[PDB]
Amino acid sequence: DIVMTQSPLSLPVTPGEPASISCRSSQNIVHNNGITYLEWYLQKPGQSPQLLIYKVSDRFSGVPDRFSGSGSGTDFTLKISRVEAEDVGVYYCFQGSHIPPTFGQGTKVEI
Amino acid sequence: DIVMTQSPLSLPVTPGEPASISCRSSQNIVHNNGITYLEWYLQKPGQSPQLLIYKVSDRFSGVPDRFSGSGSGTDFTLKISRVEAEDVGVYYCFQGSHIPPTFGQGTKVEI
Amino acid sequence: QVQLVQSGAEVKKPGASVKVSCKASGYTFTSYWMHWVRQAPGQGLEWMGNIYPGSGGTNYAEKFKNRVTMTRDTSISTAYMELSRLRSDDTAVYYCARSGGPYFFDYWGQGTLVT
Amino acid sequence: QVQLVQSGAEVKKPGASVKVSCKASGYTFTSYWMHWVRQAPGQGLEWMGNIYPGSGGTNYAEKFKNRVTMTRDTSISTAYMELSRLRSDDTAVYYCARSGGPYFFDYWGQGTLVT
Numbered sequence: 001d002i003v004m005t006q007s008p009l010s011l012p013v014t015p016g017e018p019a020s021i022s023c024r025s026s027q028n029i030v031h032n033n034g035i036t037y038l039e040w041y042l043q044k045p046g047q048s049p050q051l052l053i054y055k056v057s058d059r060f061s062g063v064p065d066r067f068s069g070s071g072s073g074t075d076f077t078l079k080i081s082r083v084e085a086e087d088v089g090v091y092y093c094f095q096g097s098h099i100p101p102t103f104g105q106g107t108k109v110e111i
Numbered sequence: 001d002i003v004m005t006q007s008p009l010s011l012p013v014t015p016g017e018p019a020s021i022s023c024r025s026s027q028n029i030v031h032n033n034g035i036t037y038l039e040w041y042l043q044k045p046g047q048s049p050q051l052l053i054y055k056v057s058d059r060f061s062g063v064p065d066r067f068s069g070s071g072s073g074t075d076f077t078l079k080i081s082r083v084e085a086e087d088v089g090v091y092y093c094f095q096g097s098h099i100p101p102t103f104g105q106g107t108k109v110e111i
Numbered sequence: 001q002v003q004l005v006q007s008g009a010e011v012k013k014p015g016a017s018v019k020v021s022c023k024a025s026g027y028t029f030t031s032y033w034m035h036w037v038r039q040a041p042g043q044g045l046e047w048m049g050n051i052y053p054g055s056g057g058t059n060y061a062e063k064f065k066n067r068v069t070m071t072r073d074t075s076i077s078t079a080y081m082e083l084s085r086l087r088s089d090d091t092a093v094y095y096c097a098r099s100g101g102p103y104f105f106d107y108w109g110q111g112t113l114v115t
Numbered sequence: 001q002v003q004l005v006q007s008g009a010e011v012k013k014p015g016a017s018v019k020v021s022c023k024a025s026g027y028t029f030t031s032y033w034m035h036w037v038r039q040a041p042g043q044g045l046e047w048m049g050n051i052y053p054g055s056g057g058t059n060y061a062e063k064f065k066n067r068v069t070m071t072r073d074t075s076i077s078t079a080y081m082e083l084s085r086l087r088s089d090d091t092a093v094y095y096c097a098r099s100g101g102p103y104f105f106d107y108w109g110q111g112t113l114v115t
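So the protein sequences, as listed, match chains D, C, B and A. When we follow the authors' numbering, the leftmost residue of the first sequence carries the number 1, and every step to the right adds one. When we follow the authors' numbering, the leftmost residue of the second sequence carries the number 1, and every step to the right adds one. When we follow the authors' numbering, the leftmost residue of the third sequence carries the number 1, and every step to the right adds one. When we follow the authors' numbering, the leftmost residue of the fourth sequence carries the number 1, and every step to the right adds one.
No lab work stands behind these hints: they were computed from the structure. Errors might be hidden in some of the hints.
Calculated cross-link-like contacts (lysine-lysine; reagent style DSS-like; alpha-carbon spacing at most 25 Å) [stated by the list, open to error]: (1) B/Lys-63 with C/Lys-44; (2) A/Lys-23 with C/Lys-44; (3) B/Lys-63 with A/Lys-13; (4) A/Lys-65 with A/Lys-12; (5) B/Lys-65 with B/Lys-12; (6) C/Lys-108 with B/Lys-65; (7) B/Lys-19 with B/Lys-63; (8) C/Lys-44 with B/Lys-13; (9) D/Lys-44 with A/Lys-13; (10) A/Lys-12 with B/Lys-63; (11) A/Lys-65 with A/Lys-19; (12) A/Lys-65 with D/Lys-108.
Chain D with its partners taken away, still in its complex shape:
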């Protein structure tokens, strides 16, 4: 099973100050087709987790421009231009190219 390791595990960002979360897959994760199903999920306090980014860098529907994803092969990172109060929660990088799909440990970002 592909293991995804995120760092930091805790990220208390001062409001307004930018941020970034690292994630490294234990193996190349591009599917047999050409797609790398590496995604980022945010679970805000007590809410169902929601999709932020897919295909490593494509932002999901109503997600703000503050978020963006980058990386390839081994390393991938999530980045928030200006962390706001409502951005708090546990961020998870996810890979669905290989069965079983796996999630990272989750990074808890706090103001």
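Could you slot chains C, B and A onto chain D? The hints should help.
Positioned in the frame of chain D, the structure of chains C, B and A alone reads:
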């Protein structure tokens, strides 16, 4: 520290037929100011509890007319004439007349 | 509007089993995979398995293979996840989630608490 | 619209303590009482205590008065509840809810799961 007792504890309802839930306080619950703070709350699947009825029979703003409460002194009853799918969840009566406020055990409604 | 509405919180004695329902609304049920993911405070989120509403095909995580069963009732557009032989570590919020095509979990149910 | 937003889920070890927050917005935080109610296994909902943001004055049910503590910060419109010396039986969803007056809990927090 009044003991509120609801009956039944399980109430499978046939979509469309009326339903009813009883609640009896272990002692009179009308406040010295004359108001009987008897309330009913509904906790729909996975959501925070929400106010349905207060002052025994007053519907809270936004609550459909299908719901209604009645009773006096020590016996109270909620009525969901024509139960709908979104009515499933756990219902609770509650008294705020005496310190500490206390809730019934909860009646689970399912179709 | 697309939405997955799951069954209410469940309290279960150890050794017992629980069956969670997920009714899909606002879209065509059989066109997408329905996953089941759980959030147990110990280790974030973990994929439990999935099922294909059309053929009833399923894939289970190794961790849950011997005690989880997924099924679906296309007539009422509802998926089910039954976890048996419950233990303290199963206390968690269970979520069903539909696949959105280029992304794995498009819409999520509100989650079902099982203790 | 008023919003009562609580802190994220938490997992605790027996004997440990948990501090749950509840930030309010949309109304005048200091003019309404803030209560904490919990949804615990085979105990439905039970009142735990309350606090008046404006006066910081509190009240705690006896069942928890020897382990809980409620406080608030008017500069950030937030209330807190610490349940010390936790144990298995405390595994439950904790809620904060303001009271209206003629009625009680009109606005609820989304809840904070603690295992």
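A quick look at each hint next to the structure:
{"no.": "1", "hint": "B/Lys-63 with C/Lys-44", "verdict": "violated, 31 Å"}
{"no.": "2", "hint": "A/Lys-23 with C/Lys-44", "verdict": "holds, 23 Å"}
{"no.": "3", "hint": "B/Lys-63 with A/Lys-13", "verdict": "holds, 24 Å"}
{"no.": "4", "hint": "A/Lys-65 with A/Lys-12", "verdict": "holds, 20 Å"}
{"no.": "5", "hint": "B/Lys-65 with B/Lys-12", "verdict": "holds, 20 Å"}
{"no.": "6", "hint": "C/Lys-108 with B/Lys-65", "verdict": "violated, 31 Å"}
{"no.": "7", "hint": "B/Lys-19 with B/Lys-63", "verdict": "holds, 18 Å"}
{"no.": "8", "hint": "C/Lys-44 with B/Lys-13", "verdict": "holds, 23 Å"}
{"no.": "9", "hint": "D/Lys-44 with A/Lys-13", "verdict": "holds, 23 Å"}
{"no.": "10", "hint": "A/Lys-12 with B/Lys-63", "verdict": "holds, 23 Å"}
{"no.": "11", "hint": "A/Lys-65 with A/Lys-19", "verdict": "holds, 15 Å"}
{"no.": "12", "hint": "A/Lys-65 with D/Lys-108", "verdict": "violated, 31 Å"}
When each numbered hint is compared with the structure, violations occur for hints 1, 6, 12.
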